[PDB]
Amino acid sequence: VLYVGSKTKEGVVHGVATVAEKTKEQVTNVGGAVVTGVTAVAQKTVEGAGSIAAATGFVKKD
Amino acid sequence: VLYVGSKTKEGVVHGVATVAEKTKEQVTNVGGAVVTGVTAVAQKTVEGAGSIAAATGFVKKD
Amino acid sequence: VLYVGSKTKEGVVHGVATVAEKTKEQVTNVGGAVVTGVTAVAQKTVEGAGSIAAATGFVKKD
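Chains as they are written, first to last, in PDB author numbering: chain A, 37 to 98; chain F, 37 to 98; chain B, 37 to 98.
The shape of chain A in the complex, shown without the other chains:
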């Protein structure tokens, strides 16, 4: 009863990736990263949020 968010399989396969084959250079710059798997919460009398996930950041070339 109430299988909320359950019985998953491969929730995410690559996220932030640089997949390739037969290359010669594979830089990968991610700055600040938070990678998690399952994030289950269970509340009863909330007055804020249940789960927040913010991501702020920029990229300058020159």
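Hints are computed from structural coordinates only; laboratory data are not their basis.
One should not assume that every hint holds.
[Stated by the list, open to error] Cut-off 25 Å, straight-line C-alpha distance, at most; resulting in silico cross-link-like pairs (DSS-like, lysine-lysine):
1. F:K80 / B:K80
2. F:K80 / F:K43
3. A:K97 / A:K43
4. F:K58 / A:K58
5. B:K96 / B:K60
6. F:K58 / A:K45
7. A:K96 / F:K80
8. F:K97 / A:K97
9. A:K96 / F:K45
Dock chains F and B against chain A, hints included.
Leaving out everything else, chains F and B in the frame of chain A:
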């Protein structure tokens, strides 16, 4: 009963990627990133939100 | 009853990766990173949040 968000399979396969074959350079810049799998919440008396997911950021070249 | 966020399998397979085959250079720069598996919380009288996950950061090339 109430299989909300359950029995998934490959929720997301690439997210933010740079897939290729037979290249010679594969930079990947992501700034600040939050990659998660399952995000299940279960509340009873909410007064805010259930799950927030903000993403702010820019990209300057020169 | 209430299988919230349970019975998962491979919550995330690569997160932040640089997968490849037959390359010659595989730099990977991640700055500051927080990698976790299961993040289960269970509250009763919340007045803030249930689980926060912020990620801030940038990438400068030159």
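Which hints from the list above does the structure break, by number from lowest to highest?
-> 3, 6, 7 and 9
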